[PDB]
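Kindly produce the complete structure, drawing on both the sequences and the hints.
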Amino acid sequence: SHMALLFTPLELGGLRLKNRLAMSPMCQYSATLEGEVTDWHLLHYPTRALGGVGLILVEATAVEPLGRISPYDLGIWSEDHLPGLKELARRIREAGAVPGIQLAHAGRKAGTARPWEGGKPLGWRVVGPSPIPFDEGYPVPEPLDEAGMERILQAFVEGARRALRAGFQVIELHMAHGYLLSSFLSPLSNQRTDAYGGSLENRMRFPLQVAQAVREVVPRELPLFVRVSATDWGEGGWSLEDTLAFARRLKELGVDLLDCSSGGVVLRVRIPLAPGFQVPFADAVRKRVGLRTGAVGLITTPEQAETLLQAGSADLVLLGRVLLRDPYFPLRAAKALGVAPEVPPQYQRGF
Amino acid sequence: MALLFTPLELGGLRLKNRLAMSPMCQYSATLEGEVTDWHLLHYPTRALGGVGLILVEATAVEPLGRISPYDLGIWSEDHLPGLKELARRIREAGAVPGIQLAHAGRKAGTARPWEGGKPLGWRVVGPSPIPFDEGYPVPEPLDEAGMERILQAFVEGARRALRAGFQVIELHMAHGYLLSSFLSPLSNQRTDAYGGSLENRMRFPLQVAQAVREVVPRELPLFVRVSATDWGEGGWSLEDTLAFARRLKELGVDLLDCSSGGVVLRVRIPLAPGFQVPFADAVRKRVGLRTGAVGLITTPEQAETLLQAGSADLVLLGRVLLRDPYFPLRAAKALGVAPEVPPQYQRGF
Amino acid sequence: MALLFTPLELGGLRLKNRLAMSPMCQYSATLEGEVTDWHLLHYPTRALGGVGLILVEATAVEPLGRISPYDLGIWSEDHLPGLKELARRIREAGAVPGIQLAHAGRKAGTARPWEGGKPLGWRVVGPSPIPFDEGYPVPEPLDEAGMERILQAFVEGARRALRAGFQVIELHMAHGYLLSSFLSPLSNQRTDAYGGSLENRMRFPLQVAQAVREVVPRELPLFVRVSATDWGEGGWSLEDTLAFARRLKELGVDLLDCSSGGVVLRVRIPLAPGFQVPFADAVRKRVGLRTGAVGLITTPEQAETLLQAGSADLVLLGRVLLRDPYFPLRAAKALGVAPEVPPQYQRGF
Amino acid sequence: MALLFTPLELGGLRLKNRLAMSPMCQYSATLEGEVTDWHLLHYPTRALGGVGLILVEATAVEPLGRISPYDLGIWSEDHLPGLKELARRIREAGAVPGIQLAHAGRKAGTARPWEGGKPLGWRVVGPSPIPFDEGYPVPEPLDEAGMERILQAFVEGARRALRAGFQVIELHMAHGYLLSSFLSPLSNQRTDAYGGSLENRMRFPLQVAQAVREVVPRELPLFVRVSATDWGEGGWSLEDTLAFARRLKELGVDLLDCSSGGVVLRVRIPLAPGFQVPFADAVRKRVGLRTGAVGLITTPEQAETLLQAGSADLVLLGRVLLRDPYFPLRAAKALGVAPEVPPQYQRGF
Ligand SMILES: Cc1cc2nc3c(=O)[nH]c(=O)nc-3n(C[C@H](O)[C@H](O)[C@H](O)COP(=O)(O)O)c2cc1C
Ligand SMILES: Cc1cc2nc3c(=O)[nH]c(=O)nc-3n(C[C@H](O)[C@H](O)[C@H](O)COP(=O)(O)O)c2cc1C
Ligand SMILES: Cc1cc2nc3c(=O)[nH]c(=O)nc-3n(C[C@H](O)[C@H](O)[C@H](O)COP(=O)(O)O)c2cc1C
Ligand SMILES: Cc1cc2nc3c(=O)[nH]c(=O)nc-3n(C[C@H](O)[C@H](O)[C@H](O)COP(=O)(O)O)c2cc1C
Ligand SMILES: [Cl-]
Ligand code: NA
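Chains as they are written, first to last, in PDB author numbering: chain F, -1 to 349; chain E, 1 to 349; chain D, 1 to 349; chain H, 1 to 349.
Since the hints were derived computationally from the structure, they do not count as laboratory data. Cβ atoms here follow ideal geometry from the backbone N, Cα and C, with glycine treated the same way. Please note: incorrect hints may appear among the correct ones.
[Unchecked claim] Below, computed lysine to any residue pairings styled on SDA-like, alpha-carbon distance capped at 25 Å:
1. H:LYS249 to E:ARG203
2. F:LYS118 to F:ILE269
3. E:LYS333 to D:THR299
[Stated by the list, open to error] So these bits of chain H aren't anywhere near chain E, every CB distance computed over 10 Å:
4. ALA2
5. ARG14
6. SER28
7. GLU32
8. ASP78
9. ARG159
10. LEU186
11. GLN189
12. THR191
13. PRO217
14. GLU219
15. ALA272
16. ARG290
17. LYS333
18. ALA338
[To be verified] Footprint (simulated), chain E over chain F, 3 or more residues, beta carbon under 8 Å:
19. 1 to 14
20. 291 to 301
21. 306 to 314
Set out below in structure tokens:
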């Protein structure tokens, strides 16, 4: 118990996080029909900020109303989102955690019901690289034109500055899980004939353009995250080695960190699920490309998070479903590693 | 799907899972080094605990290579009966039986931890004439003939373990003992052809590794435990280990078990869960030699995670099996795996 | 401060703590009921696990009083060697050795649980000729001359158990076996002086309890395991047990171990952590007899709470010690108490 | 600080002190020469007495090389079990176990000293055909095939002695026995290359030393017992010893044990405390070979003085350890040195 990296400060860009634990973005589908933050978020996120994560990335917030996953996703497309979003960042920061947010566009997977309300397509005019339905039941995606694509690119750009204006000091771009920019990367969803399809370089283009545009509007001090599905898991698709080329180019545009996810591009696919099953993607990127990486995927234990950080597999450990069932897990993880957690004075007698 | 409980192919054998018990001295052997009743309950219990492999404690290849007077020994062929019966009823529980061959070098001749743990003043040997610490006998610098005599003890000691049924041989080259002492320059400042350079410090250890490898058939994996770092500056570094592994890998060693420390006491170690995993990860990925992870591996999720990340091929468990012998069995059901329980205990799972 | 690991004084002995191993059949004895190598690893393992007391599985006092052909036996004097070594092997590990004397009655002569567990058609005995359930042999009602043989078989078993070093003897009168079947009216509709009234149905069991207390010296506590309820209508009630216990406390029984069920299968049981604790609780406070808690007691905090709450004096552990033999050792340190661990494992704690 | 109780480094060994037990026949072996229960208490007791080294009695390499029918033997491998158990019970008590390999030559085949001691008429061997004395069988001169027969019997006897764990082997070339008889001209009037000249008289003996040296590793010291003088006129004198010693020094022999007499009986010996020390002193200083002092050394102060004067490196005790087995332990306290005593005896010192 002479040491603990999980609760050693992590320096990204120009701020220092109290530890190496972050909350993975997780949609609560509790926003308004116009996408405003509601009372639910103002208890959900601030609770987990008191839970001790150094960083909270609140759920995927769509930069276009029809780029939303569900009708009740958070939004950042209108300047009337700032009041609700501004207070969200304020009540997260007050609780102790740095507030960061994920900018997203659901692409051909846009317009789904709530997971507990069915999760059935609603019939929106979804967009995407090529006109291939995500699966049976989904609207036939509309191949996006550069005019369109510039609108999305500028939706991510204005969406980011809107997030910064709200106080969010970390921005993650959703380029995973078969959503818009992930759809452009994996060949299971993009068989485009233009300069944004065919070759690997062409298919990484639009995505890499969005990354460039956002980098320009985010100051150096604030780290720019990018979440990517490191593999689609279906053959003739996005491979691990393809990601290292993609990761190389993002590190080279100035992106500060990677969040290594997987899957989502298609359904007829098998994923090797296990504790830390996506860690090999974070490890490969960090060591073979030199870009900071974030590990996620059934990370549920203090010792497991600490071990992959010790092993140099990642710089930041993101927690998802563990923080839904256990919001104050990070506080107890610190005490489970011989580290005194900086707990609120009202709770100091509870530790 | 858990990698922790998928068979692992090493040499010419298959282990029921990727969990092994790290070698751990019980200081309960006889004064002649024979297996006692203690081992015949200690080791078989942890094998029933579900480990794919049981690595028996450091067993001295020479009476003067023992840590304590009650260490296990393999220097006489009258050790075979007790050792064979131990390895036999290790198989009884399900786990592959393995043994660690060791020579305590300048750290030889200490009492038991609960009897003081203090040197007894043997004529210990070593690379250079430096006591391990205050109180320890000054080791006698070994001559070429002296170390070659050691090597034949490791070779015949290996030959003896095979005769007894041990299917895995690990050479203890870590923790400041004889062959570890030759590797680290903090205890080997020799002026001859066996000191100074890394190659000179690696010669005798690799000479023993090659000599033993020749008597161990390809099918049976030859392990090597090494202190991946002295932790003292200007000492054995991770990158020195990275050369040692490349050179061990070329000799036929099938897997490296990466530990650290032990060469000296005046030093700080960044102690934490899986703090030595970075050494296994570095060796496994940068040299291509199979590696075993050890060091505060206490949870099912972390063991599987370092395996998933490709940091190691085999997970070694130490102090966890002292307090929790049946941990591997309960770890499996905690990972969705049908434990491999005995029929008499299935009503308990 | 944990009382769970405070010494318990029973009769004339002191136990290192208030944790005991519940009797658990391994069905690994010989066809004559001799202790095998399994028992000599099973129990000695859990004794090192830190339980203050080990109650070995039900050992039949009559060959046809066995549950399985491979149950332990205490009917022949050739059991002493194996039984004596078991107690010797348990005491060395730290735990006091105790044994459960049993007669399976109408449930006697079943296969192994992992071999089908279906009857083998023995000439089982019992109070009344009622099958445990369909498929089972209907027991032959015993005569007074017949019953005296069993009474002397239990006295014989206790006298023999003492010779072997077992310092605590528990009489199995629960779970629908011979004496439990005599207690619950769902299996005892006898017309003579050993059926009908509660007193008549309690008669033969108390005769055995009395007869054994006589052969067992004062210093050694005599336990009795009872099915505190049968979960069956028109059967052994909670309050019937308090009358039965009030009588056993008069007879010299030093402690009651309260389980439940077993008399019949077609019944409801409220499964839950410590669901049988209320039966242990009721006996201790309303009668004044020491009681032992059993029934899904699996955590350190839970054991200490029921002892703190005064529901029992001893906590018996079953399936937890099959999956975690060393659980008591980790439970003490998980309660801020330094556990007395073997020196070989102190660096694992 | 007394030098008598300073560690002695001879070979690759370190002895707890400079006290050793001189070889002393008990004539208590079996008729086949196996170790008996007597030896398994005799020597281990004196090892507990604190001597750094135990040199076991004269052990015959040939049935007709025995002094008495009840001498120890090393000619058949069925002596090994008994010899191995002796060597370990000596080692367990604290002292290094050593053995004297011997051939009684023309003095072979005598009764026990307390049974008459009269010859039995064996076909004893020797250099020349001269009886040891009236009544003894006339020895048959050995041929080179005959002498090689013994030389290789001495060699395997050493290889056999090492195999049993004895870490010091002494070749008995004194007291008028086979190899001593070749040395003294009063018993060797041979006409060939093994009599007459000193070299010749030294030829066959040096051949055995060389042959044994080759099979004994450097780490184990090879001792040699010599009658430093026969005491008979015109016979083996001290200066014959210094010539003999210098050449053994070069074979690699690690130490000489200087005795005297035995070649013939009709001669007077200057009996006195340390009367044979002058031979040990002369050899150590004039030849440079380590030496062992023996001969009526009975006090702690006297032993320390001859060691201080550089008269010897090792002090051997004979009749003193028969009447006073624990003499060395009390000699340490008689010199202000804390003797490492068994813990059971610490309150007696
Ligand atoms: C309700 C739920 C909502 C989620 N929403 C998102 C999301 O909006 N963006 C994203 O990148 N991952 C999302 N995830 C995935 C998690 O962030 C995380 O990658 C996944 O759960 C693996 O890590 P974990 O097992 O620790 O949760 C969601 C997961 C769940 C259960
Ligand atoms: C009592 C104890 C005895 C040990 N004996 C040995 C040994 O004989 N040889 C060796 O290479 N490591 C030995 N170790 C070290 C372990 O094998 C392991 O490398 C170290 O304890 C870290 O593993 P762990 O933290 O998972 O237990 C011992 C450790 C302990 C606590
Ligand atoms: C394999 C197994 C064997 C058992 N054998 C016996 C027995 O022989 N005699 C007895 O009185 N209870 C026996 N029991 C019941 C236990 O002693 C105990 O009453 C039950 O397990 C509830 O406690 P637990 O949940 O801690 O295991 C056995 C239970 C199991 C799972
Ligand atoms: C019974 C007795 C047996 C002996 N046996 C041997 C022997 O086997 N080999 C030998 O070299 N000296 C033998 N010796 C001589 C002693 O080892 C020693 O040299 C001699 O006694 C002088 O030493 P001391 O007077 O202190 O005893 C024996 C002496 C005695 C009294
Ligand atoms: Cl564009
Ligand atoms: Na469009």
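Outcome of the hint check:
1. Taking the CA atoms of H:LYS249 and E:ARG203, the gap is about 34 Å. The hint is violated against a cut of 25 Å.
2. With a C-alpha separation of about 23 Å, the suggested pair F:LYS118 and F:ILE269 falls inside the 25 Å cut-off, and the hint holds.
3. A threshold of 25 Å between alpha carbons decides the hint, and for E:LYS333 with D:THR299 the separation of about 18 Å falls inside it, so the pair holds.
4. For H:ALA2, the shortest C-beta to C-beta distance to chain E comes to about 17 Å, beyond the 10 Å cut-off, and the non-interface label holds.
5. For H:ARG14, the non-interface assignment is contradicted: its Cβ lies about 4 Å from the closest Cβ of chain E, within the 10 Å cut-off.
6. At roughly 25 Å from the closest C-beta of chain E, the C-beta of H:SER28 stays outside 10 Å, upholding its exclusion from the interface.
7. At roughly 22 Å from the closest C-beta of chain E, the C-beta of H:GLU32 stays outside 10 Å, upholding its exclusion from the interface.
8. Every Cβ of chain E is farther than 10 Å from the Cβ of H:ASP78; the closest lies at roughly 16 Å, confirming the non-interface assignment.
9. Non-interface status of H:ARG159 relative to chain E is upheld: no Cβ of that chain comes within 10 Å, the nearest being about 15 Å off.
10. The Cβ of H:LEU186 lies farther than 10 Å from every Cβ of chain E, with a closest approach of about 42 Å, so its non-interface assignment holds.
11. At roughly 43 Å from the closest C-beta of chain E, the C-beta of H:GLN189 stays outside 10 Å, upholding its exclusion from the interface.
12. The Cβ of H:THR191 sits about 43 Å from the closest Cβ of chain E, beyond the 10 Å cut-off, so the non-interface label holds.
13. For H:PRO217, the condition that its CB be more than 10 Å from all CB atoms of chain E is violated, with the nearest at approximately 7 Å.
14. With a least beta-carbon separation of about 7 Å from chain E, H:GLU219 fails to lie farther than 10 Å from that chain, contradicting its non-interface assignment.
15. Every CB of chain E is more than 10 Å from the CB of H:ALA272 (nearest about 36 Å), matching its label as outside the interface.
16. Under the 10 Å C-beta cut-off, the non-interface status given to H:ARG290 relative to chain E holds; the minimum distance is some 17 Å.
17. Even its closest Cβ contact with chain E, about 20 Å, leaves H:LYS333 beyond 10 Å, as expected for a residue assigned away from the interface.
18. Residue placement check: H:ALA338 keeps its beta carbon more than 10 Å from all beta carbons of chain E (closest about 14 Å).
19. Proximity of the segment 1 to 14 of chain F to chain E, defined as three or more residues with a beta carbon under 8 Å from a beta carbon of that chain, is established by the 3 residues found.
20. Coverage of the segment 291 to 301 of chain F by chain E holds [criterion: at least 3 residues with CB-CB distance below 8 Å; count 6].
21. Check result for the segment 306 to 314 of chain F against chain E: holds, 5 residues qualifying (beta carbon to beta carbon below 8 Å, three or more required).
The structure fails hints 1, 5, 13 and 14 (numbered hints given earlier, in ascending order).
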